[PDB]
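4 protein chains.
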Amino acid sequence: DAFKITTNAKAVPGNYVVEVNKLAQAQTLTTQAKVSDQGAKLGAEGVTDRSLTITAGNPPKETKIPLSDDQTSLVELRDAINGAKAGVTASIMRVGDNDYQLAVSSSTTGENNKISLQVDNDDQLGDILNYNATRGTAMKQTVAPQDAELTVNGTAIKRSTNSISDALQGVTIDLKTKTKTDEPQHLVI
Amino acid sequence: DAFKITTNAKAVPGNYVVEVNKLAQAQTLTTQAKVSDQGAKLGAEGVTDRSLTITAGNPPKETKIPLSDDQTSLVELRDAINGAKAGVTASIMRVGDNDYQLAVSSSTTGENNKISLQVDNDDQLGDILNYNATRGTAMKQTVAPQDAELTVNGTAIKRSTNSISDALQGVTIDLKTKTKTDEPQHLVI
Amino acid sequence: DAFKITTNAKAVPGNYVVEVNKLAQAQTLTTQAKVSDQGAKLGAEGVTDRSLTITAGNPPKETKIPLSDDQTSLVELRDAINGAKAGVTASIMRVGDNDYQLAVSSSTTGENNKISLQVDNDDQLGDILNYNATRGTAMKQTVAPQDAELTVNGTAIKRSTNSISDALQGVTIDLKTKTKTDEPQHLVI
Amino acid sequence: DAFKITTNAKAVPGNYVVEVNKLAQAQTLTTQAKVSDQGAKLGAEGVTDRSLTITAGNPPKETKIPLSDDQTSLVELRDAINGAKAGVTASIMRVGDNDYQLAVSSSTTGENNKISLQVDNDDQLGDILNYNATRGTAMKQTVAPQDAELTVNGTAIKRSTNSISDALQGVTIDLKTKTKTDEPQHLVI
Ligand SMILES: [Zn+2]
Ligand SMILES: [Zn+2]
Ligand SMILES: [Zn+2]
Ligand SMILES: [Zn+2]
Ligand SMILES: [Zn+2]
Ligand SMILES: [Zn+2]
Ligand SMILES: [Zn+2]
Ligand SMILES: [Zn+2]
Ligand SMILES: [Zn+2]
Ligand SMILES: [Zn+2]
Ligand SMILES: [Zn+2]
Ligand SMILES: [Zn+2]
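Chains as they are written, first to last, in the UniProt record's numbering: chain E, 79 to 214, 217 to 269; chain B, 79 to 213, 216 to 269; chain W, 79 to 214, 217 to 269; chain R, 79 to 213, 216 to 269.
Worth flagging that the hints you see were computed from the coordinates, not collected in a lab. All C-beta atoms, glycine included, are put in the ideal place defined by N, C-alpha and C. Watch out, some of these pointers could steer you wrong.
[To be verified] Computed spacing ranges between beta-carbons, pair by pair:
#1 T257(B) with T84(W): 18 to 24 Å
#2 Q249(B) with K256(R): 38 to 44 Å
#3 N176(W) with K100(B): 23 to 29 Å
#4 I269(B) with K139(E): 19 to 25 Å
#5 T126(E) with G250(B): 42 to 48 Å
#6 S194(E) with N190(R): 38 to 44 Å
#7 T212(W) with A218(B): 43 to 49 Å
#8 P138(W) with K256(R): 48 to 54 Å
#9 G250(B) with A224(E): 23 to 29 Å
#10 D254(E) with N136(R): 33 to 39 Å
The task is simple: from the sequences and hints, build the whole structure.
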């Protein structure tokens with residue numbers, strides 16, 4: 079109900095009480111600049127040495143991709159980011175008529191799986207995309225990274241994914257949701 | 079569990095967290111005058127120029143329908159309103175023995191999909207049916225109109241229906257219910 | 079989820095919001111005298127004119143049944159009460175080793191479906207079974225009678241059973257459970 | 079939903095309201111000493127008269143098993159305890175890389191089904207395993225023993241297992257979870 083449990087030969091049969099207290103999440107960043115046509119080119123005109131650098135993962139990998147002027151519309155930025163296989167995925171939310179936002183989400187959950195973004199050679203587009211440790217309508221975190229916290233027979237376990245299989249001998253716990261406050265889920269193997 | 083998610087070719091696979099905070103509702107009005115026989119004629123005797131005007135929808139359309147004396151019982155009013163295809167639907171609730179109420183509900187959900195009712199040439203029936211801006217025993221709002229509010233990866237979306245398909249690229253979300261307070265539903269495409 | 083909805087030809091299709099606030103319950107009475115053998119005869123020896131009178135139902139019916147001395151053990155009282163088709167049903171709860179209680183429950187739910195019990199010609203057994211308006217280890221109410229309260233499109237409906245079919249035109253609502261505080265169940269016919 | 083109900087011929091048909099307030103649990107003890115290789119031998123070198131005594135059950139049985147030096151690693155302790163058929167089951171939790179804990183859990187639920195552990199002839203291993211009445217880094221209770229508390233038609237029942245079949249005549253209740261605070265589960269046989 080709050081998780082699924084698959085079992086191997088190495089599992090020791092007994093009574094278990096499980097608390098799921100947090101689920102692993104993936105950081106998400108989202109643009110805040112008002113964009114009213116997703117096809118509209120947001121970047122400066124004529125730049126030939128523009129690039130976007132994404133830092134993502136654990137351990138972190140940096141990916142630098144070039145961007146032509148044609149590629150600075152939300153639709154083409156998304157397509158570019160997704161093409162990069164850079165450890166994040168990008169998608170466009172249509173808040174309403176003539177109101178669009180680009181969302182960049184880590185591909186991997188975890189408290190320590192944060193994203194950064196840095197545009198080089200285009201301050202205008204940077205003021206829409208750039209994201210790092212400090213902030214001032218700039219790119220904004222809208223989902224916080226976090227690990228899964230769950231307790232197995234009173235013992236607290238923290239992991240970066242929701243598929244916990246490196247904890248209990250011969251058991252995988254695929255986390256689906258939290259368990260109620262004063263109510264661990266009593267299970268029996 | 080709090081919604082169903084259908085997917086198209088254009089969807090971008092990733093981790094999503096969803097909050098559903100409100101569901102779209104349809105305004106409902108309900109009579110408050112004590113009526114003890116649903117077949118009993120509630121209107122004045124002998125009027126030949128009686129009508130009911132319903133305003134409903136977005137954008138709003140006005141519908142004027144005539145009502146003969148025979149048509150001013152709850153049962154026939156309901157049948158008249160429903161026959162009108164006027165953007166509202168009408169039904170009789172039997173609170174108990176000898177205690178009936180007529181309910182008129184917008185056909186379309188939304189914060190801005192409000193109903194008005196105006197009887198012309200029958201002050202008595204009007205004192206049962208009329209509903210507008212200014213209002216003991218007159219027609220009364222009993223369900224408030226509202227939009228759906230939900231958040232997709234931390235980004236707030238407001239819509240007038242519970243079938244949200246104009247938000248995320250290649251995703252429909254058919255909302256079924258709210259999600260718990262401190263607990264967005266973690267999904268994976 | 080909080081109820082099931084069956085539909086007839088007379089139903090008017092539209093948007094409905096439902097609150098279930100209370101479910102109909104059946105009064106239950108339960109003995110409090112310590113009884114350690116369910117076969118043990120609890121009544122006085124030698125009485126030949128003993129009887130139990132049950133009042134139950136709506137409208138109420140009185141049923142007077144005789145009881146031989148052999149019939150004053152919990153097991154035989156239960157069997158006697160159940161044989162009477164007197165509008166209540168009786169069952170024995172085994173709280174633990176050598177600790178038994180007889181439970182008499184109305185056969186019909188409702189705020190106004192209360193039980194009374196009166197033994198005639200056996201004060202000893204009376205001090206275990208008798209139940210009426212005033213009380214002083218005597219028979220005790222342990223489930224309170226109540227009607228179902230639910231609201232349909234903002235309109236409050238009260239009924240004595242959990243199968244509400246005399247309210248909305250061509251709809252039955254079989255109530256299964258309450259709905260959350262600030263959260264009516266949005267349905268669509 | 080909060081329990082399953084199997085029925086026999088002896089059941090008396092009627093209306094029942096059930097509260098489940100607690101589920102029976104099994105005591106669990108867990109090591110607190112930092113262990114970074116589950117294969118590493120935790121006991122003293124050269125001892126030939128080492129043993130572990132487990133007290134478990136209701137009524138309690140004592141089991142004394144010998145332990146060779148090779149057997150004092152978490153992996154082998156677990157295998158030894160499980161081999162003993164001593165009324166407890168043992169399993170290793172991997173809190174993280176180089177961080178292991180041994181968990182010993184009663185095989186039987188109940189408030190009165192507590193475990194003790196006593197090592198003889200190995201003060202060092204004892205400082206990891208020993209558990210009794212008087213207790216930083218010693219064996220620790222992490223799940224408390226408890227009975228099932230549930231109420232059936234307002235009458236409180238306490239039992240040491242979650243399969244309650246010695247309470248109501250011809251009914252078993254296999255408890256799955258608690259029921260909400262102000263909301264007993266209304267059932268009908
Ligand atoms: Zn971590
Ligand atoms: Zn700038
Ligand atoms: Zn709602
Ligand atoms: Zn008037
Ligand atoms: Zn709106
Ligand atoms: Zn969560
Ligand atoms: Zn009533
Ligand atoms: Zn007396
Ligand atoms: Zn519990
Ligand atoms: Zn020591
Ligand atoms: Zn006990
Ligand atoms: Zn209830």
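Against the structure, the hints:
no., hint, in the structure
1, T257(B) with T84(W): 18 to 24 Å, "21 Å, holds"
2, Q249(B) with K256(R): 38 to 44 Å, "41 Å, holds"
3, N176(W) with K100(B): 23 to 29 Å, "57 Å, violated"
4, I269(B) with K139(E): 19 to 25 Å, "23 Å, holds"
5, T126(E) with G250(B): 42 to 48 Å, "33 Å, violated"
6, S194(E) with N190(R): 38 to 44 Å, "57 Å, violated"
7, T212(W) with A218(B): 43 to 49 Å, "46 Å, holds"
8, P138(W) with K256(R): 48 to 54 Å, "39 Å, violated"
9, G250(B) with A224(E): 23 to 29 Å, "26 Å, holds"
10, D254(E) with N136(R): 33 to 39 Å, "35 Å, holds"
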